Structure formats: structure tokens, C-alpha cells
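Engineer: For reference, the chains in residue letters:
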Amino acid sequence: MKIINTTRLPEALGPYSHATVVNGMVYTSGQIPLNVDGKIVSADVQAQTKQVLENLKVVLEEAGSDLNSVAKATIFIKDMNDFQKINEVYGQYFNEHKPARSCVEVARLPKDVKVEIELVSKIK
Amino acid sequence: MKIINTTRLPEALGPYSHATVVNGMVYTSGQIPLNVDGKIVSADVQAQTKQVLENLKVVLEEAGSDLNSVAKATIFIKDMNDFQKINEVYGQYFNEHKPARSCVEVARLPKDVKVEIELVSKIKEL
Amino acid sequence: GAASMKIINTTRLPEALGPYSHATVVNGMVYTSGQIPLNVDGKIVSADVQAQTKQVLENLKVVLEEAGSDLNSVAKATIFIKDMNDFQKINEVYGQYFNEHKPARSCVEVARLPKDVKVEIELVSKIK
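Chains as they are written, first to last, in PDB author numbering: chain B, 1 to 124; chain C, 1 to 126; chain A, -3 to 124.
These aren't lab readings, by the way, just hints derived from the structure by calculation. Built from N, CA and C at the ideal position, the CB exists for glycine as well. There's no promise every hint is true.
[Said to hold, decoys possible] Derived CB-CB ranges, DEER-like:
#1 A/36 / B/66: 45 to 51 Å
#2 B/40 / A/96: 28 to 34 Å
#3 C/39 / A/112: 33 to 39 Å
#4 A/123 / C/8: 32 to 38 Å
#5 B/81 / A/123: 39 to 45 Å
#6 C/23 / B/91: 21 to 27 Å
#7 A/-3 / C/7: 21 to 27 Å
#8 C/14 / A/37: 46 to 52 Å
#9 B/110 / A/58: 26 to 32 Å
#10 C/85 / B/7: 45 to 51 Å
Construct the complete structure from the given sequences, taking the supplied hints into account.
Structural biologist: This is the structure in C-alpha cells:
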């Protein structure tokens, strides 16, 4: 069991970590579109999707993995009408390597963000 | 990292794959009740549940797993008042083998379907 | 032919009625079913959200123990909730259980939970 916490990201306040690594796999926390100051970056859903994926890129790096090693993503979104915008940004991060995915519209996310994404990835 | 795609499902057009296999485990994408032509098969929630599970069966089999090898299912539904009906269909597929599961009602699913199911399963004999 | 794993169903909790099990153990990981706040008699324990969160975490402690795991071995939790206004109260209880070890987590507001409960939690854990 390894605990992954990096000051390269907005701190996990309270009782969670950015990721764990266990049995050769990285389990990330859900990322939301905060910058390193813990501010929501934009109201724009594309901009939020980018911040999320950038944050996750960092977690994967710090955990000993990368984007091309991701097995599964779960995308929780506030509006399914944003799906095409989100998908466009997501497809910039997952271009050649295409993980398994689920995407659902939830009722509400932390801090009223529009998109939250969690990954399961293999250690390199 | 093995990427799984099967021509018995509608083509993964978009940045995903029907499933991946990593460390002897299969992670499927969430399946929705589309046939191979990308069309929703029925409005009926039981017919949708059946199509989801048949779609998952083909993904598992293409990956070298099967429904009896499932570790965990997550069932996202549009209406909890349909739970017992969805449950009845799911129990026809998971009769002998009873994996772990969660089931929650979401606000909306892709293409306004009523049910989406993802699975984590183990590869047979390796 | 089926891939080898251990199915967990303990008499310490209300039976999983129908086509699921309390947990599975596969390739050194425990996958729990989502736990809702049912008491030893199978009933919703209380309307209070902190009582429900306690009951969920105590149920999950049971499942993890019976599977050969423990809270210190959890990789990832997902907390599904009915109302983000309960998050502070839920988090206060969660943090009492995950005080020394802090797993990866996601928390989302869903439209509805089984039995109209306010919180449901699932875990993925290592064998201890």
C-alpha cells in the first residue's frame, strides 16, 4: 500500500488522498477543476475538463503511471448536454490510448463543478 | 495493457474502448442498451437491461472472461422505481454467480437510456 | 472453468437478497457491494445522516473483516449521497474511521439511493 499525496496539486483536505497504489494499480481520487490554489478555474465546462485531466496527469505521474496506462475512467458530469464538449477535451488526453469509460449525469458535484473524473491505472 | 473491442457491439467511435485488460482483470466500459447498429433496442426497461447484459457478455467473452468470473458490477439507473424489474433481468444472468454490486439512481444517462452497467471481471486461466 | 475468487457473505449482516454478495475477493483485492445504513434487523437504522454514515462504515468494517481485509487496507471509497448539504456531517463521521489511513475517494450526489437512504458507500481494499 502506497499513499500518493503531492503539493503539486490542491491539497486533499480531510480524510482522503490524491491516490493510492496497491498491487500494481493506481486508484485516483475523483478530481474536480481546482487549480493549485484550490480555486475553481472557470465556469466553462471545457476549461474545467482540462483542469481535471491536467490534475489527473499529475497524480498519475506522481504515482508512477501515465495516461497511456489508464485502464478505466469514470466521468461524473452535471449536465449530459455538455457531453460533446467534455468528450472533445477528454479525446485530447486519450487520443491513441483509449481506456474503458463510464459517463453518467449526477445530481450535484462538490462545489457545484460541472465535471469530475476518477481513474484506475497500471503502474509503468 | 490489452485493448478490447468487439464487432458484436457498436463501434467505439470516441476516445474509449469496449474494455481493457490489465493484471489479469477486465474493466469494461459502461454498457447501454444499443444494438450493433447503435440504436436503442426498446423503451422497455427490462428489454434495455437484457441488451446491456448481452452486450457485457460479448465484451467479457472477447476479453477471455465470462459472467461467472465477474468481481463487481455497478448499475446506474434512471429510475429507482424500476429497480425490481431491472433486478429480475440481472438475476437471470447472475443466477449461479453473485458478484458484488452497487446500484444508484442517476440524473441522466447517455442517449436517455434507463440503465447502464459496468463490470470488473477476472480473466480465465492465465 | 470460472476464474478463481472467494465470494463473501457473512451472517453478521442482513443477507444480500437476490443476485449479489456482500463482497468478492479477486486477485488479492476485496470488492465490496455498496452498503446502505441497515441495522442488524435489516431496517434503516435512523433518519439522522451521521447515524446512517456510522452504520454504513460499521457494516463495511464487518464485510472487510470477513473478507480478510480492514479499513487500513482500503484503496478507494466511493460515497454516493442524496444531498451535498449533508457532506460536512458525513465527512466528519468518515474521518473518524479513516483517521490514520486516508484512501482515494470520490463523492457525488445521486438522484436517489436504495430505500431513500441518504448515504451509500462502496470500497475496494487489499487483503490485509
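Engineer: All hints, please: hold or fail.
Structural biologist: Here is what the structure says about each hint:
1. A/36 / B/66: 45 to 51 Å: holds, 46 Å
2. B/40 / A/96: 28 to 34 Å: holds, 31 Å
3. C/39 / A/112: 33 to 39 Å: Given about 34 Å between the Cβ atoms, the range holds.
4. A/123 / C/8: 32 to 38 Å: holds, 35 Å
5. B/81 / A/123: 39 to 45 Å: Cβ of residue 81 of chain B to Cβ of residue 123 of chain A: about 43 Å, so the range 39 to 45 Å holds.
6. C/23 / B/91: 21 to 27 Å: About 26 Å separates the Cβ atoms of residue 23 of chain C and residue 91 of chain B, which means 21 to 27 Å holds.
7. A/-3 / C/7: 21 to 27 Å: The hint (21 to 27 Å, Cβ to Cβ) holds, given that residue -3 of chain A and residue 7 of chain C are roughly 25 Å apart.
8. C/14 / A/37: 46 to 52 Å: Taking Cβ atoms as reference, residue 14 of chain C and residue 37 of chain A lie about 47 Å apart, which means the hint holds.
9. B/110 / A/58: 26 to 32 Å: holds, 29 Å
10. C/85 / B/7: 45 to 51 Å: Taking Cβ atoms as reference, residue 85 of chain C and residue 7 of chain B lie about 49 Å apart, which means the hint holds.
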